[PDB]
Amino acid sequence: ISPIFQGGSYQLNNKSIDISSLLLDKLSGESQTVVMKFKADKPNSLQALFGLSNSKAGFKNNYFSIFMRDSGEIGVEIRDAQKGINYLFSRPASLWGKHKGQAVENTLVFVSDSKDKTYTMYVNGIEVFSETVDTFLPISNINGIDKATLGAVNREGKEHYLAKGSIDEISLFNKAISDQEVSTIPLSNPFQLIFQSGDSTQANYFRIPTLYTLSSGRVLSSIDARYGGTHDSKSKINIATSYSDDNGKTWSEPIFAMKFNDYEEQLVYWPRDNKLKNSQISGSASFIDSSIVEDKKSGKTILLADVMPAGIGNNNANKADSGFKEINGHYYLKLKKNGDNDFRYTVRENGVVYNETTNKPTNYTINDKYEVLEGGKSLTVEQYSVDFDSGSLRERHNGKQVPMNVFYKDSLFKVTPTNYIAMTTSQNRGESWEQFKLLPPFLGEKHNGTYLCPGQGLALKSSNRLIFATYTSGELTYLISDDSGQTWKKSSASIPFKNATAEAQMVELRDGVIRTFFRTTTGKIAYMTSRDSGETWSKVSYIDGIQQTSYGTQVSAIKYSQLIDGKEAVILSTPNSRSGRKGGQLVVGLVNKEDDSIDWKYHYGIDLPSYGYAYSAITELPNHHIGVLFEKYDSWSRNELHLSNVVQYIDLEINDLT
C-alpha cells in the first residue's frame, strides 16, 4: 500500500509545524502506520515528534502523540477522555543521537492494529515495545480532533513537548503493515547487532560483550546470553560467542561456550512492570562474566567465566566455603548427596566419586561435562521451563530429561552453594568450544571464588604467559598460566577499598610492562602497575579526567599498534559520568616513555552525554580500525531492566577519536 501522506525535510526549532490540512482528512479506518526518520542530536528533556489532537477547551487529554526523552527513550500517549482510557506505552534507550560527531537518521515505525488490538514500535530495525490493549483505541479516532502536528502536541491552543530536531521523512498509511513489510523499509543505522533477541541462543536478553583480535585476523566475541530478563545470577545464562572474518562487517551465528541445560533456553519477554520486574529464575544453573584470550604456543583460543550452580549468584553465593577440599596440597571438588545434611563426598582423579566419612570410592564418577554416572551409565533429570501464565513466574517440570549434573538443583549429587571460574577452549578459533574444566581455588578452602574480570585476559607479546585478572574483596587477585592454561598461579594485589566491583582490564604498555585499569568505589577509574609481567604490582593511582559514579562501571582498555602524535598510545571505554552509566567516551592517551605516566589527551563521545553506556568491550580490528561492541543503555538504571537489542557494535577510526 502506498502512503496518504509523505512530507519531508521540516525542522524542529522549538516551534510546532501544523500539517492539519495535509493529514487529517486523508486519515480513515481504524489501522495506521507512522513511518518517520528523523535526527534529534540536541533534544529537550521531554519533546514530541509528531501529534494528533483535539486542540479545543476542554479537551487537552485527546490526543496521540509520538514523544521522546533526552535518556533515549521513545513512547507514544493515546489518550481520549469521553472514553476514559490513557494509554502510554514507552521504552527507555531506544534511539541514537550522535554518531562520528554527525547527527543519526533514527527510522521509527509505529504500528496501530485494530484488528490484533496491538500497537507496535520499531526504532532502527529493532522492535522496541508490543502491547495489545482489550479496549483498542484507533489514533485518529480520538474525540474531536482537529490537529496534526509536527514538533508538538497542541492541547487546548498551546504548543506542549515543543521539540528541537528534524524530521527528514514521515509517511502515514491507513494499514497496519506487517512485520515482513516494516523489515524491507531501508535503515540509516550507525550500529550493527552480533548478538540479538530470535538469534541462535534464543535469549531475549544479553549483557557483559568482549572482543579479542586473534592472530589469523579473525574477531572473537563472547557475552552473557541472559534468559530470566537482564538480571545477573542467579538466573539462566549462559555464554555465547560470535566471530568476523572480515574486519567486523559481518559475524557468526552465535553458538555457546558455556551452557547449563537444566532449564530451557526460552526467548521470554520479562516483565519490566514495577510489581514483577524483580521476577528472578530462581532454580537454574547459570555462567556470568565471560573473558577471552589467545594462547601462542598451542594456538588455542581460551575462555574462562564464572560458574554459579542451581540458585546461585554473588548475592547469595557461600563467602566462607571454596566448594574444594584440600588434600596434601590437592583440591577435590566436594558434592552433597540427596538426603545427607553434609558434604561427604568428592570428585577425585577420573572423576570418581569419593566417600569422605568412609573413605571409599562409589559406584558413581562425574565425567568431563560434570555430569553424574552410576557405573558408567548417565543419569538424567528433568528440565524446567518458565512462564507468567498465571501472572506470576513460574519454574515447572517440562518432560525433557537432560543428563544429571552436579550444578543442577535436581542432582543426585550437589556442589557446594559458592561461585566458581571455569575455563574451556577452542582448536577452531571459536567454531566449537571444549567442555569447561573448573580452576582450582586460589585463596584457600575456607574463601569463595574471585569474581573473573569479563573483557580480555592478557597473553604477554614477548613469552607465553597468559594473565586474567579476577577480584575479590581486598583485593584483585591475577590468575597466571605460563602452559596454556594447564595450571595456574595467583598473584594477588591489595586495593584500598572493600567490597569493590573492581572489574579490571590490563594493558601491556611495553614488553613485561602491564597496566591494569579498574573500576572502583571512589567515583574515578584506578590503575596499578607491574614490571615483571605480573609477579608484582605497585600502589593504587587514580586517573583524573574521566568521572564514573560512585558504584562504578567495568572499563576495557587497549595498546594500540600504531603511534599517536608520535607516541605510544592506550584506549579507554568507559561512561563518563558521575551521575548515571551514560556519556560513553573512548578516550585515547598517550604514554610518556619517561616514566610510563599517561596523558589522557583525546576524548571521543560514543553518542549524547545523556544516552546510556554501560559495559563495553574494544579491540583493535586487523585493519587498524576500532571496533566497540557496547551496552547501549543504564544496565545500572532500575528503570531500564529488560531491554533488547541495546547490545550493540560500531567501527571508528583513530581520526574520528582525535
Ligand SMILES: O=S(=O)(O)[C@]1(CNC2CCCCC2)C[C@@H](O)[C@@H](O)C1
Given for the second form:
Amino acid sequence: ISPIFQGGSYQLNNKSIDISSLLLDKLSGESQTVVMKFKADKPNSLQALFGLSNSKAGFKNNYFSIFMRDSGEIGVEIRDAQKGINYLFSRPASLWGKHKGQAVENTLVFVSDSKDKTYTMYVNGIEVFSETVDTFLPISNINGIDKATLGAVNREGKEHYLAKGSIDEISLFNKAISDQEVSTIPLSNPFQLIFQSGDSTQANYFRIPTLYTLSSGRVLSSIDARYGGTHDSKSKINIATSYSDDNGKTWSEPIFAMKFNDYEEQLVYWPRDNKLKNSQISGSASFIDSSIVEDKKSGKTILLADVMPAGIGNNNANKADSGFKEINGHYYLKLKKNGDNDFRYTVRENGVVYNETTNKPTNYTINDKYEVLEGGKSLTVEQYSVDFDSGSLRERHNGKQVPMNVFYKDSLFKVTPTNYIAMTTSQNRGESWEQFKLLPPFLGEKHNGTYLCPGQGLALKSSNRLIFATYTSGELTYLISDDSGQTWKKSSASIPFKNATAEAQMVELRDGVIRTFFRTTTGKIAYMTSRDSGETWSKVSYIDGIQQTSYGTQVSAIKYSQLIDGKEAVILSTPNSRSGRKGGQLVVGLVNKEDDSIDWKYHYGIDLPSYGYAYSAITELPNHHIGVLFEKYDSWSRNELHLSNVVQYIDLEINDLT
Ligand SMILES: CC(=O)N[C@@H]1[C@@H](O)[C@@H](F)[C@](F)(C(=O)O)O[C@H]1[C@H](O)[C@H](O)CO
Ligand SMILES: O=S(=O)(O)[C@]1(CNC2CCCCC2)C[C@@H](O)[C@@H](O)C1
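Any chance you could show the form deposited with this ligand bound after that form deposited without this ligand?
To see the whole picture, the full complex is given below, headed by that same chain.
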C-alpha cells in the first residue's frame, strides 16, 4: 500500500514540528503503521519522536507517542481518559546512537493492529515488543485528537518530551502491515547478528560471546544459548558456535558445542514484569561461560565451559566438594544412586560404575556422553518442558524419552551438585564438536571447581602450550596443557580480593611473556604478568584511565599483529563507567619495550556513554580489521533482563580507533 503521509529531513532541535495539517485528515480506520528513520546521538533524558494528541485544556491524558530514553529504551504511550485506557509499552536497550563517529540511522516500525488487537514495535530489524490487549485503542481514535507532532507531545498547549535528534524519513499507513512486509523495509544497521532469536538453537536469549581467529582464517564464535531468560545457571543453557570464512561478513547457522537434553530446547518469551522476571528454570542441567583456543600440534579447536548439574548454579553449588574421589593419585567421578543418602559409587576406567561400599563393579556403565547404560543397554528419562500457562513457571514431563545422563534430575545415578569444567574438541574447525569430557579437579577433593574465564584461551607463539584462565576465591587458576588438552596442570596466582568474579583474559606480549587483564571488585581492571609461559606470576597491578563498577565486567583483550605509531599494541574491550554496564570502549595501548609497560593512548567509544555495553569478545580478523561481538545492554541491571537480539557484532578498522 501507499503511505497516507511521507515526509523527511526534519531537524529536532528542542522545538517540535507541527505536521497536523499534513497528517490528521489522512488518518482513517483503526489500524496504522508508522515507519521512521531517525538519529539521536545526543538525546535528552526522555524525549518523544512522534506524537498525536488532544492539545486542549482538560485532555492532557489523551495522546499517542513514540518515545525514547537516553538509556536507549524505546516505547509508546497510548492514552484516552474518556475510554479509561492508559497503555505504556517499552523495551530497554533498543537503539543505536553513534558508530565510527557518525550518528546511526535507526529504522523504527510500529504496527497498531486493530483486528489482532496487538501493538508491535521493531527497531533496526528487531522485534522489541509485541503486546496483545483485551480492549484495543486505535492510535487515531483517541478522543479529540487535534495535533500531530514531531519531537514533542503537545499537551494542553505546551511541548512535553522535547527531543534532540533528526527524523530523516517518516511514513504512515492506514493498515497494519505484516511481519513479512516489515522484513522488506531497508535497514541502515551498523551491526549484524550472528546468534539470534528463532535460529537453530531455538534459544530466545544469548549472553557471554566469544571470538577466536583460526589459522585457516576462519573466525569462530561461541556463546551461551540461554533458554530460561538471560539468567545464569541454574537454568537451561547450551553452548552454541558459528563461524565466518569471509572476515566476518557472513556467519554459519549455529550448531551446539555442548548441550543437554533433559529439558526441551524452547524459544520462550520470558516475563519481564516485577512479579515473574526472576522465574528461573530450576530442574535443568546447563553449561555456562565458554572459552576457545586452537592447538598448533593437533590442529584441533578446543572449547571449554562450566558444567552445572540439574538445578545447580554458582549460588548453590557445593563449595566444599569437587565431585571426585581420590583413589591413588587418581580422581574418579562420584555418583549417588536413587534411594541412597550418600555417594556410594564412582566411575572408573572405561566408564565402569563401581560400588565403593564393597569395591565391586556393577552392571552399570557410563558412556562417552555421560549417559547411563545397564548391561550395555541405554537407560532413558522423560524430558521436561516449561510454560507460564498457569500464570507462573511450571516445569513438567512432556512424554518424550531421552538418554539418561548423570547430570540430570531424573537419573538413576547422579553426580555431586557442584560446578565442573568440561572440554570438547573439533577436528573440522567448528563444523562438528566431539562429546565433552570433564577436566579433573585441581584444588583437591574438598574444593568445588574453578570458574572458567569466558573468551579465548591462549596458544603461545613458540610452543604447543595451551592456557585457559579460570578463577576461584582468592586466586586465578591457570589451566595449562602441553599435549593438546589431553592432560592439564594448574598454575595458581593469588589475588587480593576474596569473592571476586575475577574473569581474566590473556595476551602474549612477547615470547613467553603473558599479561593477564582481569575483572576485580575495586572499580579498576587489574593485571599480572608471567615471564615463563605461565609457570609463575607477578604481583597484581591496576589500570587507571578506565573505570568499572564495584562488581565489574568481563574485559576482553588481544595483542594486535601490526604496529601502531611504530609500537606493539594491545587492545582492550570493556565498559568504561563507574555506574553501570554502559559506555563501551575499545582502548588501544602501546607497549614500552624497555619494561613491558603499556601506555593506554587511544579510547574509541563503541556507542554513547549512556548506552549499554557489557560482556564482549574481540578478535583480529585475518584482514587486520577488528571484530567485536558484544552484549549491547546492561546485563547487570534488573531492569534489562530477558532482552532478545542484543548480542551484536560490528567490524572496525584501526583508523576508526585512533
Ligand atoms: C558461572 C557463572 O555463574 N558465571 C556468570 C556469568 O556467566 C555472568 F553472567 C555474570 F553474572 C555477570 O557478572 O554478568 O557472572 C557470573 C555470575 O552469575 C555472577 O556474576 C556471579 O555469580
Ligand atoms: O595470535 S593468536 O593467539 O594465534 C590469535 C590469532 N592471530 C592472528 C594473526 C594474523 C591476523 C589474524 C589474527 C590471536 C588471538 O586473539 C586469537 O584470535 C588467535
